[PDB]
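Just the one chain here, the form deposited in one PDB entry, laid out as structure tokens.
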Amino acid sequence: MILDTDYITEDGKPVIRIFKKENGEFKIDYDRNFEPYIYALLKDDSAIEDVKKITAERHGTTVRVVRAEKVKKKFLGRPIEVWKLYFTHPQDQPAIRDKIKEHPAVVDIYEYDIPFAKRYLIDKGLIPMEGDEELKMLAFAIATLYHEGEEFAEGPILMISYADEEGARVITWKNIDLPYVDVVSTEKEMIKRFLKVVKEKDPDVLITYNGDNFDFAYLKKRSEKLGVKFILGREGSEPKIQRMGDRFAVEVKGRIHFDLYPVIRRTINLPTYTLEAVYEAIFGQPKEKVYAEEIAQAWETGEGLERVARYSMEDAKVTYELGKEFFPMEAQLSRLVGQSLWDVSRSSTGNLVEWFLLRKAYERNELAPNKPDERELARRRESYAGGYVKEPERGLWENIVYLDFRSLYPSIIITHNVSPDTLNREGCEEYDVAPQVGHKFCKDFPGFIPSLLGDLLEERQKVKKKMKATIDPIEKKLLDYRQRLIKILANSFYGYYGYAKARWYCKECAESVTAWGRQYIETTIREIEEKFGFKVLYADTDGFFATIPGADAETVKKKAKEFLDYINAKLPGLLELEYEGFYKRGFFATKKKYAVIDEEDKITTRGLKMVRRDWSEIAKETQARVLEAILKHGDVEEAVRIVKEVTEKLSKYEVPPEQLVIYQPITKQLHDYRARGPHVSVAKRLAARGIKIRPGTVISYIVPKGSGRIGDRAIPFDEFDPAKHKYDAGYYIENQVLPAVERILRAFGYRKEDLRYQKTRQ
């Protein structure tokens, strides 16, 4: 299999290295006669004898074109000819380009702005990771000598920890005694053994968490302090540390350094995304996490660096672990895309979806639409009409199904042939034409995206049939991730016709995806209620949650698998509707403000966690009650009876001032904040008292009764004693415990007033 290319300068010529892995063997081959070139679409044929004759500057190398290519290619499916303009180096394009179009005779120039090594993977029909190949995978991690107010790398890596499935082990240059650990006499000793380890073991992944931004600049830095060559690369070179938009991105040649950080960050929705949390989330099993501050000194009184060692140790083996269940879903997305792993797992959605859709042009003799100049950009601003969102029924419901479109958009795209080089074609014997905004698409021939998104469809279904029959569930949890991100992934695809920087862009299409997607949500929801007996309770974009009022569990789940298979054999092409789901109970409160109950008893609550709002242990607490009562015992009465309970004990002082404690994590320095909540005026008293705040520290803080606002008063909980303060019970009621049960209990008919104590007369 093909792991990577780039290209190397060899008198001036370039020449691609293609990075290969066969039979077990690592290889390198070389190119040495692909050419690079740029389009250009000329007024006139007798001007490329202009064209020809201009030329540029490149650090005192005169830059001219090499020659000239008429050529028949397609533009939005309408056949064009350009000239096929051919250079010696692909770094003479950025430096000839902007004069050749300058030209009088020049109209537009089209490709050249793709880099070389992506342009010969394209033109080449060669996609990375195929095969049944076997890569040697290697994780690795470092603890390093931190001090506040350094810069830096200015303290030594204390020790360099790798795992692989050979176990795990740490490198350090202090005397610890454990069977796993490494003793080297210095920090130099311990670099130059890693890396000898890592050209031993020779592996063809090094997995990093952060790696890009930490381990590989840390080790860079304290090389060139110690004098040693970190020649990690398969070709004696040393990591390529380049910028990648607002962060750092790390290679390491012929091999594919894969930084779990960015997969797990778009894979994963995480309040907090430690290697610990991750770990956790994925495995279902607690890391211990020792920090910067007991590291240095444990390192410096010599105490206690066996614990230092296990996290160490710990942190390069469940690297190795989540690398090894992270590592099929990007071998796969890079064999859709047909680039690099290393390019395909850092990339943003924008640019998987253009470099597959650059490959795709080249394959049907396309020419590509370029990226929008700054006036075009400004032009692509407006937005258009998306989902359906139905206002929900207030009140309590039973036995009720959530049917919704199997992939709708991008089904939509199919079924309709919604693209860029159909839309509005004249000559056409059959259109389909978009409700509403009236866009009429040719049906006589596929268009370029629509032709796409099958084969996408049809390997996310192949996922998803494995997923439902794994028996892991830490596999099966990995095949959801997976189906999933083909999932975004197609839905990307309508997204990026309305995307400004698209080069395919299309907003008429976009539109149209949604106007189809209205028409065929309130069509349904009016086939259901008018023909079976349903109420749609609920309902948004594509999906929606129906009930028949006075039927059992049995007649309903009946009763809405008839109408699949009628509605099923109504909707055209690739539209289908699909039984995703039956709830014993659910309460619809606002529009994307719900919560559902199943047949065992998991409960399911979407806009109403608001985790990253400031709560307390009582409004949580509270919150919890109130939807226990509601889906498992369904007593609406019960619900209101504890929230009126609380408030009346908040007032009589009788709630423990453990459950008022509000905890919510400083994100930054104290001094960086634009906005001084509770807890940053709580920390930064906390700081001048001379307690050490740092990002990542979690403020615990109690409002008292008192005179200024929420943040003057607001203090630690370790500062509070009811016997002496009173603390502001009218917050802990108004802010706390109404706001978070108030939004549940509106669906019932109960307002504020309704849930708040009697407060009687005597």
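Numbering follows the first chain given and starts at 1. Rigid core (definition): largest C-alpha set, two forms, superposition within 1.5 Å. Compared with the form deposited in another entry:
For the listed set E134, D552, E293, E150, the sole C-alpha moving 2 Å or more between these two forms on a rigid core superposition is that of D552. After superposing the rigid core, the C-alpha of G427 moves by 2 Å or more between these two forms.
After superposition on the rigid core, displacement of the C-alpha of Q461 between these two forms amounts to 2 Å or more. Comparing the forms between these two forms, the C-alpha position of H633 differs by 2 angstroms or more, with the core used for superposition.
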Contents of the next structure:
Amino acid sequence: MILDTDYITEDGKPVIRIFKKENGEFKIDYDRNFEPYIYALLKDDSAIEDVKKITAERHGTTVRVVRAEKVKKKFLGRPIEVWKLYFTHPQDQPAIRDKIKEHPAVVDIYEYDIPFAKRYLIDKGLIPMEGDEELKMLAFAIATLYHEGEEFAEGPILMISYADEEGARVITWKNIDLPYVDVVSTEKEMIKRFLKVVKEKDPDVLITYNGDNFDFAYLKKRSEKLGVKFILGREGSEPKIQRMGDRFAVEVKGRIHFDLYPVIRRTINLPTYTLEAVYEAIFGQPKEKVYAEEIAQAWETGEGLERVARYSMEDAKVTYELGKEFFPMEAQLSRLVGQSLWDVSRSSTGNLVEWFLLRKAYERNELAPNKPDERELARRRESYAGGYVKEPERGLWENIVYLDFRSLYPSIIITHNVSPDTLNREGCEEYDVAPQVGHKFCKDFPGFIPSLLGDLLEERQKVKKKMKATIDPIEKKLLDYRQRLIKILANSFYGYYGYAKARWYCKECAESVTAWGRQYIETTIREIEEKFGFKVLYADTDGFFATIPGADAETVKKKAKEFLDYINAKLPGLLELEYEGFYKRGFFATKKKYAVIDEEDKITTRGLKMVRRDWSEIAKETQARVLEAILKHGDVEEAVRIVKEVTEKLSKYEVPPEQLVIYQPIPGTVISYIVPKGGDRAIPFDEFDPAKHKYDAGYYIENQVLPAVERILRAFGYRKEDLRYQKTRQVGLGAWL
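Given the form deposited in one PDB entry, corresponding form deposited in another entry:
This part shows the chain on its own.
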């Protein structure tokens, strides 16, 4: 199985190294015959003799063009004859490409910025992470001595922990009577001991949590300070540090440095990305955090070191567990895109699509367009119109169905052949015209991107069907990941079209997809209203909520199924409307803000409860009470009385202070405070005394309860003044009113 590729230079010549793992043994294959190249479009074939003599200089030695050969490729569907220019070394390309481009007879140059090792995988048709080879993995973590105003790695590494199938162990230079702790004499000996473990275990994968920007950098500075050659690589090399924009990334030659931090950052959405929060969300099990202060205090006092060593052990243990959970998915992503797991795990959506397209382009003899220059990039900053959002019909509705399109944007791209190579093509026999924007797309030949997108959707169906027949639960999980990743990649094509740095960028394509989307959703709405008598309550981008005001629950379901059969017979190509769900009740307050409930009493809220900007228990409790009264009881006037009851109790100081605590996640803990009657007046709840102090009733009414509930009750016509404690009316003659 192919792990990764790179190149070394031997006597000025590039040598590709292919790192492989076959039959449980590590192998390095060498290729000294891969020639780097660039394409050049000339306005005259006679000019090739002038461009062959173009020279540049790379570190004293003269850079020259080895040889040139005329090649026929496709560029934007149309055939193109371009000159394939060969070079001795890949580093010759950045040195000479500008001199070649500036030549008068050169119209343009192409594929001049593609990394040599990645160009090799594509050109040779090699796919990394292919096969059933089982990789040996090892996770590791470090604990350090931290002091507030000191430089990076000024304090020593206190402990180094590691974990695999054999379990988790901790290496330290202090006596700890724990079964999993290995004691050495010094920090220098601890680092040397860690190196021996990695060498003896010889793992194919090194798993870290933020090892790209902390662990490796800390180990490097300490090994330099102590005089230890940090040889982690399979060929005796030290970890190589690279720049990824504003941050860093670390390679370990011969192995795969799998940093879980950038992976989990993309895959899962969490409020915080501490190792503790991540583990608790993925495995549902708690993990205690031991802060830098506690670690430093324990090491200096020499007391409480059991707790520190256990935290160190758990760090390696959970990092191995998480690595075991995310690596197989990243392995399938690597195999799908066709690039190393190291790169795919650190790449964003735009880069993943681009690498996929670059490989496909080579397979189809398609000349790839260049990345945009600074001038062209500034031309691509202009935006376009997106999805359709209907202003909701206010009020409480009963028996609601949600209908939506299955893969609307990929379906549009395939159905209408939306692509830069089909856009306004001359001599069209058949074309589809995008509404509003008016862009014409030829249908005579399959467009490059729609063709690939169709193959992806077809391949996904072939893997969904293979899942049903696979008994092996490990293989079924692997197929599940491949299937999921194909859907993710397919849904990235639309965004890629409007991505200014994309090689295959096409604003006309991007806005045509959204224009067609707006047409299909609006056409479907007027169709269900005029021909089936439905009321469309709300709609957002590719779906809508509809109902028949005075109809039975079974009647609305029947009519919805009949409508689905009707419009699906009219829809072109891959476009298809789906049932999605039925809801007993629902209210649509404003665009992006609504709430519905199914027949099982499950409530779904969007744009309302989601607002987690410092909310007291009293505001959360009454919002839930309001939501329940409206959706489960269907009683809007009861929800009003609840708010009036709560504001009256708050104004008369009858609400206990425990229900007034506000939680704010900020050194890195949740602060619990209360607002008093005396705007920077807030105090921690621990110091609040009901016998000595009074809370701000006005604040909890006007800034807590009312804002949270008004956003819901505004849909029914209630203002903020319709919910406060209006107080008893002045009855009798004594009042004189």
